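Chemist: Letter by letter, the chains look like this.
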Amino acid sequence: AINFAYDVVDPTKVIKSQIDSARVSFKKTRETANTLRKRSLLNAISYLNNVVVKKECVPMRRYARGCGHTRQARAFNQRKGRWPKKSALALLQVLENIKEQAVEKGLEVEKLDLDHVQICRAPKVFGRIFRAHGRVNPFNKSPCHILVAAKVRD
Amino acid sequence: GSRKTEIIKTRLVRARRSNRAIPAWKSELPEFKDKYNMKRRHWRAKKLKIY
Amino acid sequence: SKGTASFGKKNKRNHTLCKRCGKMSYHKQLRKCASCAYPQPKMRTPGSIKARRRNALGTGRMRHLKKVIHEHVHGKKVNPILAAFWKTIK
Amino acid sequence: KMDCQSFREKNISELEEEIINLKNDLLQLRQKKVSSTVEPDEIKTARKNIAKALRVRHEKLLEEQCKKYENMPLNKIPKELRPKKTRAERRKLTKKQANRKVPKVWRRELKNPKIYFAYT
Amino acid sequence: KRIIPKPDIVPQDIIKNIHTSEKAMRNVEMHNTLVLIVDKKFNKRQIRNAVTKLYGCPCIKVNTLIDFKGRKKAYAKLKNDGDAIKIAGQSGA
Amino acid sequence: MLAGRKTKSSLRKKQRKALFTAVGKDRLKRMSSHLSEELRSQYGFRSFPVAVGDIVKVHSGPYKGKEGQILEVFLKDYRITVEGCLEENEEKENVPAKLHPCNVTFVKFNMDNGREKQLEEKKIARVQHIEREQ
RNA sequence: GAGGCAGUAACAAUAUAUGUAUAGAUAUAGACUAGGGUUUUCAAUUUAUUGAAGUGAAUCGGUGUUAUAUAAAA
RNA sequence: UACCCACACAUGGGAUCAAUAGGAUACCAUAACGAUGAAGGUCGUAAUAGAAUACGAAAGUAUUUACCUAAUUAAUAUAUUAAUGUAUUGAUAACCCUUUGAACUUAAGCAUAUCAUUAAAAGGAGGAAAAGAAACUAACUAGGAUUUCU
Ligand SMILES: [Mg+2]
Ligand SMILES: [Mg+2]
Ligand SMILES: [Mg+2]
Ligand SMILES: [Mg+2]
Ligand SMILES: [Mg+2]
Ligand SMILES: [Mg+2]
Ligand SMILES: [Mg+2]
Ligand SMILES: [Mg+2]
Ligand SMILES: [Mg+2]
Ligand SMILES: [Mg+2]
Ligand SMILES: [Mg+2]
Ligand SMILES: [Mg+2]
Ligand SMILES: [Mg+2]
Ligand SMILES: [Mg+2]
Ligand SMILES: [Mg+2]
Ligand SMILES: [Mg+2]
Ligand SMILES: [Mg+2]
Ligand SMILES: [Zn+2]
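Protein chains in written order, with the working numbering: chain C, 1 to 154; chain D, 1001 to 1051; chain H, 2001 to 2090; chain R, 3001 to 3120; chain X, 4001 to 4093; chain U, 5001 to 5134.
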């Protein structure tokens, strides 16, 4: 029951969807979703399938220390790029669910646009490891919340 | 180890019985709606000390 | 070695159940309980101050002393067949 | 259900035939639990019937014992029928034995009894 | 040895019920044997004497067992043919 | 202060423990109700404990004025349900209301399980108390 | 309770257009005792969770004798 | 695009304030165990049962009381004629009566001294125990068993 930080001016023609505490790493889904805003919904699903088959890359901007250079990141005027698998499959499941509510409410699929995309941190899940000389160190992981809203064009 | 005395078998039978979750007929009651057992054990993690 | 290589050789068990106390502190070679000292009639004095808390009088069932306290406060109910008989004693 | 009053009516020989016939009733009820369904209050009423019936039997044999040892001293009767108070009281000596006194004392106090007098 | 005694041991005290498993049903037909559940404290000689008192059919040998759940089960061979099918039918199993 | 101790005390926590952990005849007398005026002329006492099936009338609260019959009694909660009263739920308003029996006065009795034997025993014991004083 | 260093060090990653098969690759294998105690078998739902079933002795071990005032599952 | 600042809205965590079937201290009453089997333990009993809690084959709401346990078909002694009867044995964690008995510490070091007629340890009883009717105190114009307070 995470609330949205989106301010809705028209209650009709706004579609929201949500996944809470997904089991994907936080720093990698933040890197993929930075360029999804102000796009058509049809261009987004075509773009995310090219990341899985390694034909388009993701430009690392915030957390980017130690990433290999490539030539596919010239489209963003960048010099770093990577292709995360598991982060793209979690975002693809959200965009299909938006497409199903549009045909149930009878809206037109081509006219939609992505408007509000934010993710945030989540409570941890703890773990363990056993190192040399008999010492024990933590081995925990960090999930995230995913929030996406779609709006029709004018 | 397939060669036990009388006391070792009688103690081992009782220790098997007490490792169980709450039955389903009790969980529908208002008292035990969300309560669950906390005293369960695992046979590989913790040992029983019976010898 | 003294460390990891010598902990494989520990597969012998020395202490077993006691009849009187129920703990696993009965030596099978020395033939004596390390907590209650079983073959002696008197029980062993405990080792510390906290050890007197763990098995004192009153943490048990008190199958008899619950009755004796209850006849102190309220009177004892008598059997009428037994009450008539005791008056016929010399 | 069964009342405790009906067991006190019957004979000693008639009390024994009921306990066996009640015990036969528990056998067919317990087999019904395995191979059929059993009502949710049916076994418990049958178990408590035998506990009430045995308690009348234990009382009827006891009144036979009282008529046999009716007038005897205390060291003749068995120890179970003796009155019990506590172990420290059974070793105490009686009130009659504690107040006995030497002839030099009780002869003296019989000459000078108590006086009731008034203010100073 | 006491003044007021307990009553005598009655054959309804030893036998509890009749096992109705799949392995027990194979032992009824092919081998004419009965699978009972008894109390834990009684031995082999008293179990066999009790079965010939209840159902009125002679029993020869009894093999006992203590399973892992704390019960005690007995495998009672019957002498005459057709006894175990008749007994389990009248008892309601 | 174990359970049902029935003390003479003035502390807040000592008196409230006797209200929760009461048992027996003490739990019955907490749930009593006031008599009508015409019923007071027949017997002469003030109040009496409550059984199932006698006609009562609410005299205080948001349900003031309504008259109904008693459907259930809950000893573990000190609450009762009166006919004709409705309470809102998340689906409907068909839930009957739950009231405390100190807010109700009953109009007509219900004679079951030796109820007339008990009422005549109290009316005998009351007038003997008046003869002691004069 | 939560940061930086940092998604950095350190570990895991066999082939087939149709397959309950055709191939490749690494590791000797199986029984009694000491220790473990339901991990056994099956069903349903995804090295997990719940529920049933399963250990049958006149001749296989203990219970017996002793090691110069408590000793043997070889 | 990254780095910095300002404002508005959402995550993360359980501080502040309010409550309370819990504790702490002082006073008053009681001061009831055990061979007629104690205190404590092991295993079992619920119509559908795991923890907790109550209860013994009469077993999850006025009698019964499974098996070990001083645990006893005994041991140390007395009485009657090898057998029978009687008395003792175990639990305590405050107060009471005996036995045995330290050191740390203080002396600005330390060895007599002090801590100390203490702590630990052992034996023996009761609701209280021990003490108690001058082979005394005094030097006065003489007092009067024991115990406790100033
Ligand atoms: Mg690098
Ligand atoms: Mg490592
Ligand atoms: Mg190690
Ligand atoms: Mg073993
Ligand atoms: Mg291990
Ligand atoms: Mg060795
Ligand atoms: Mg050794
Ligand atoms: Mg066998
Ligand atoms: Mg590698
Ligand atoms: Mg399994
Ligand atoms: Mg000091
Ligand atoms: Mg010094
Ligand atoms: Mg100094
Ligand atoms: Mg020095
Ligand atoms: Mg000294
Ligand atoms: Mg005194
Ligand atoms: Mg004295
Ligand atoms: Zn012991």
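If you are wondering where the hints come from, they were derived from the structure by calculation, not from laboratory data. Some hints here could point you the wrong way.
[Stated by the list, open to error] Only pairs whose alpha carbons sit at most 25 angstroms apart, straight line, appear in this in silico DSS-like list of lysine-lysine:
1. D/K1026 / U/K5029
2. R/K3023 / X/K4006
3. C/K86 / C/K38
4. H/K2032 / D/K1009
[To be verified] Each pair of labels, with its calculated beta carbon distance range:
5. R/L3054 / H/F2007: 38 to 44 angstroms
6. H/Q2029 / R/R3055: 48 to 54 angstroms
7. U/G5024 / R/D3025: 47 to 53 angstroms
8. H/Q2029 / R/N3075: 34 to 40 angstroms
9. X/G4070 / H/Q2029: 45 to 51 angstroms
10. H/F2007 / C/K124: 52 to 58 angstroms
11. D/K1049 / X/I4066: 48 to 54 angstroms
12. X/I4004 / U/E5131: 20 to 26 angstroms
13. R/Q3005 / U/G5004: 46 to 52 angstroms
14. X/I4004 / U/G5004: 46 to 52 angstroms
15. R/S3006 / D/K1046: 41 to 47 angstroms
16. R/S3006 / H/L2057: 41 to 47 angstroms
17. X/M4030 / R/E3080: 44 to 50 angstroms
[To be verified] Here are a few chain X residues that sit away from chain D, every Cβ distance over 12 angstroms (derived from the structure):
18. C4057
19. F4068
20. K4069
21. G4070
22. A4088
23. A4093
For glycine and all other residues, C-beta sits at the position ideal for the given N, C-alpha and C.
Chemist: For each hint, tell me whether it holds in the structure or not.
Modeler: Taking the hints in turn, this is what the structure says about them:
Under the criterion of a C-alpha separation no larger than 25 angstroms, the hint pairing D/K1026 with U/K5029 is inconsistent with the structure, at around 33 angstroms. Taking the CA atoms of R/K3023 and X/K4006, the gap is about 16 angstroms. The hint holds against a cut of 25 angstroms. Straight-line distance between C-alpha atoms of C/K86 and C/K38 comes to about 23 angstroms, which keeps the hinted pair within the 25 angstroms bound. Simply put, H/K2032 and D/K1009 have alpha-carbon atoms about 24 angstroms apart, close enough for the 25 angstroms limit, and the pair holds.
For the pair R/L3054 and H/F2007, the supplied restraint of 38 to 44 angstroms is violated, since their beta-carbon distance comes to about 60 angstroms. For the pair H/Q2029 and R/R3055, the beta carbons lie near 52 angstroms from each other, so the given range of 48 to 54 angstroms is met. Between U/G5024 and R/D3025 the beta carbons are some 34 angstroms apart, a value that contradicts the proposed interval 47 to 53 angstroms. Between H/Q2029 and R/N3075 the Cβ separation comes to about 51 angstroms, which falls outside the hinted range of 34 to 40 angstroms.
Distance hint check: the CB atoms of X/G4070 and H/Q2029 are about 33 angstroms apart, inconsistent with the given range 45 to 51 angstroms. Look at H/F2007 against C/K124: about 35 angstroms separates their beta carbons, and that is not inside 52 to 58 angstroms. A C-beta distance of roughly 23 angstroms is found between D/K1049 and X/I4066, which places it outside the suggested range of 48 to 54 angstroms. The hinted range of 20 to 26 angstroms is not satisfied by X/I4004 and U/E5131, whose Cβ atoms lie roughly 53 angstroms apart.
Between R/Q3005 and U/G5004 the CB atoms are about 31 angstroms apart, so this pair departs from the stated range of 46 to 52 angstroms. Range check, X/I4004 to U/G5004: about 38 angstroms between beta-carbon atoms, so the 46 to 52 angstroms window is missed. Distance hint for R/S3006 and D/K1046: a CB-CB separation of about 57 angstroms, inconsistent with the stated range 41 to 47 angstroms. Taking 41 to 47 angstroms as the suggested C-beta distance range, the pair R/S3006 and H/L2057 conforms, at roughly 45 angstroms.
At roughly 56 angstroms, the beta carbons of X/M4030 and R/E3080 sit outside the given window of 44 to 50 angstroms. With a minimum CB-CB distance of about 33 angstroms to chain D, X/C4057 clears the 12 angstroms threshold, and the non-interface call stands. Non-interface call for X/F4068 relative to chain D: violated, since the shortest CB-CB distance, roughly 6 angstroms, does not exceed 12 angstroms. With 12 angstroms as the threshold on Cβ separation, the claim that X/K4069 sits away from chain D is violated: the shortest Cβ distance comes to roughly 7 angstroms.
Not every Cβ of chain D is farther than 12 angstroms from the Cβ of X/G4070; the closest lies at roughly 5 angstroms, contradicting the non-interface assignment. The beta carbon of X/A4088 is kept farther than 12 angstroms from every beta carbon of chain D, the shortest such distance being approximately 29 angstroms. Annotated as non-interface, X/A4093 keeps its C-beta farther than 12 angstroms from every C-beta of chain D; the closest such distance is 26 angstroms.
The structure shown violates the earlier hints numbered 1, 5, 7, 8, 9, 10, 11, 12, 13, 14, 15, 17, 19, 20 and 21.
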